[PDB]
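Single-letter residue listing:
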Amino acid sequence: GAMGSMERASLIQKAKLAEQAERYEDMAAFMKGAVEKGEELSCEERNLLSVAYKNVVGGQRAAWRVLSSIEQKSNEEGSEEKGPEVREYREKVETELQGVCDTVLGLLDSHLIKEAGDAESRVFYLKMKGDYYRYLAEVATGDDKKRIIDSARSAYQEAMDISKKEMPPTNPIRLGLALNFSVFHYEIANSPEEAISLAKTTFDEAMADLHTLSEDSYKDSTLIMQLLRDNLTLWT
Amino acid sequence: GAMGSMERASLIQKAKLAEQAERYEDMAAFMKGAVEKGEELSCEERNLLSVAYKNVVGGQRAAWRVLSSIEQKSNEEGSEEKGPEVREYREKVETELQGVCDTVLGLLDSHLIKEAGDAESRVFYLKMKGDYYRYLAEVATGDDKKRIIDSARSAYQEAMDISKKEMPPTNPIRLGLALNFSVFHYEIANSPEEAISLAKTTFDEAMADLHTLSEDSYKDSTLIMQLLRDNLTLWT
Amino acid sequence: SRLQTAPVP
Amino acid sequence: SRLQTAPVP
Ligand SMILES: [Ca+2]
Ligand SMILES: [Ca+2]
Ligand SMILES: [Ca+2]
Ligand SMILES: [Ca+2]
Ligand SMILES: [Cl-]
Ligand SMILES: [Cl-]
Ligand SMILES: [Mg+2]
Ligand SMILES: [Mg+2]
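Chains as they are written, first to last, in the entry's author numbering: chain A, -4 to 231; chain A', -4 to 231; chain P, 241 to 249; chain P', 241 to 249. A prime marks a further copy of an entry chain.
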């Protein structure tokens, strides 16, 4: 698109600058441009792509939750009717969020996933597919909701199967995948027992492999393990 | 523009929702739309306009400072030359900031200021004119810079003259105007003694009028007075 | 806390 | 601190 005339290396350089400046919409546009060059992404580049879109969609998610809450309050009994404006603005934000999710899913489908052969890359991308379908699920209503949930679940499962076969239990990508799939189960799929089971097993298997790690790797793994523990503490 | 088909009251309602959601770009677009309806703004509406654009331009200013600092570091001796990308991206952010400033200045000129007859409104708008010329000054270089600085100064002065004649020394708008004009003198016009003098005199004249205020008004005034004190502490 | 998901560097 | 300017409600 609009980044078609810029060199791939220049797009990556500017993505890094935009991260420093907390200009995440710019960062996302630069990284979309880099993906569209058609070459596979390095580990660092995959992280830049993830940072960019997570910050953009995170802003949208937060705003949507605020607006949804106001809307729900207005639709209580004894609430003075104030017109269509709350619903309209919530729908505007919702549509913009859906559009960001669809952009990310588009990039993964054309053609990041199919060209990803190594476990580290394929699991990263499949986790991301799960995540962005889950964000779509948060705002979906009804029958759309069922198919969106199934799409998220299927992506997460495929990622889990690869990660279990190909990565150590302490691998950060494997841990973050399991963390997010567990939240999926609890918050989206109405399966709190599956959520708790997955988080516990993931934590215990990582604990037993920590002895193999360097000081730096130990720090990376234990950070994500603490997130599993924090959720388990909330849930039990 | 794009808000031409929406009712004025709906634009104001949505501006308030966007503030709650921290969606300041949306908030600014809604308030621009409300101004373009052509009716004068109430005190609350003026505040919404100010909140919206201050948050938008504040994001841009912060990003510009980050990028300018990286740029300046790259133009030191013994800095490995990394190409045009830093300058390009700094210019992109700079152009977007200039555009926001020009939009605000446009609204004030067409036709908020000329229709503002009461002191509270005219001083508010003239302060804003000073502020947005000052933000333009922060990024300007050379001869443009001189005329921009003069435009800021002239707007601030006109506001000061009205505020001194028509408002009590404790009025928050009067205090915030004086605070910002003092920073103008220190940071933009290279007149630190004028800055210090203005802040001191403003503080002392407000102190001597506090006895006239209600508990709530006292709280509003003393908050801004503390900002003058904080700057004076830095400067002396 | 509330629930947490994976951080991004 | 650094310098401060007027807050917006
Ligand atoms: Ca090339
Ligand atoms: Ca490949
Ligand atoms: Ca009307
Ligand atoms: Ca008038
Ligand atoms: Cl809307
Ligand atoms: Cl650029
Ligand atoms: Mg919808
Ligand atoms: Mg320029």
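Everything labelled a hint here was simulated from the structure, so no lab data went into it. A virtual CB, placed ideally from N, CA and C, is assigned to each residue, including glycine. It cannot be assumed that every hint is accurate.
Calculated cross-link-like contacts (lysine-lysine; reagent style DSS-like; alpha-carbon spacing at most 27 Å) [what the hints assert, rightly or not]:
no., chain 1, residue 1, chain 2, residue 2
1, A, 11, A', 159
2, A', 11, A, 77
3, A', 109, A', 159
4, A', 140, A', 68
5, A, 32, A', 68
6, A, 32, A', 32
7, A, 77, A, 87
8, A', 109, A', 141
9, A, 140, A, 160
10, A, 141, A, 68
11, A, 32, A, 87
12, A', 214, A', 11
13, A', 160, A, 77
14, A', 32, A', 11
15, A', 68, A, 11
16, A', 214, A, 87
17, A, 195, A, 159
18, A, 11, A', 214
19, A, 68, A', 11
20, A, 214, A, 160
21, A', 87, A', 77
22, A', 109, A, 87
23, A, 68, A, 87
24, A', 87, A', 32
From chain A', some residues computed to sit far from chain A (all C-beta separations above 10 Å) [stated by the list, open to error]:
no., residue
25, 8
26, 17
27, 21
28, 65
29, 75
30, 80
31, 101
32, 103
33, 115
34, 148
35, 162
36, 168
37, 185
38, 192
39, 231
Pairwise hint evaluation, residue 68(A) against residue 141(A), where the allowed Cα distance is 27 Å at most:
Roughly 26 Å between the alpha carbons, so the hint for residue 141(A) and residue 68(A) holds.
Check whether the Cα positions of residue 32(A) and residue 32(A') lie no farther apart than 27 Å.
Violated. Residue 32(A) to residue 32(A') sits at ~45 Å, over the 27 Å cutoff.
Grab the minimum beta-carbon distance between residue 80(A') and chain A and tell me whether it stays above 10 Å.
violated, 5 Å
Pair hint outcome, residue 109(A') versus residue 87(A) [Cα-Cα no greater than 27 Å]:
violated, 35 Å
Given as non-interface: residue 185(A'), partner chain A, CB spacing beyond 10 Å
holds, 27 Å
Just double-check residue 21(A') for me: nearest Cβ-Cβ distance to chain A has to come out over 10 Å.
The claim is violated: residue 21(A') sits with its nearest Cβ about 8 Å from chain A, within 10 Å.
Could you check that no beta carbon of chain A comes within 10 Å of the beta carbon of residue 101(A')?
Label holds. Min Cβ-Cβ 24 Å, cutoff 10 Å.
Does residue 214(A') pair with residue 87(A) here, judged by a C-alpha cut-off of 27 Å?
violated, 38 Å
Verify the proposed pairing of residue 77(A) with residue 87(A), using a straight-line Cα cut of 27 Å.
Judged against 27 Å, a Cα distance of about 18 Å means the pair holds.
Given the hint that residue 195(A) pairs with residue 159(A), does the C-alpha gap stay at or below 27 Å?
holds, 15 Å
27 Å limit on alpha-carbon distance, applied to hinted pair residue 140(A) and residue 160(A):
Given pair residue 140(A), residue 160(A) is violated - Cα atoms ~31 Å apart, limit 27 Å.
Residue 32(A) and residue 68(A') were given as a pair; does the straight-line alpha-carbon distance stay at or below 27 Å?
Violated - the C-alpha atoms of residue 68(A') and residue 32(A) are around 30 Å apart, more than 27 Å.
Violated hints, in rising order: 1, 5, 6, 9, 11, 13, 16, 18, 22, 24, 25, 26, 27, 28 and 30; the structure is consistent with all others.
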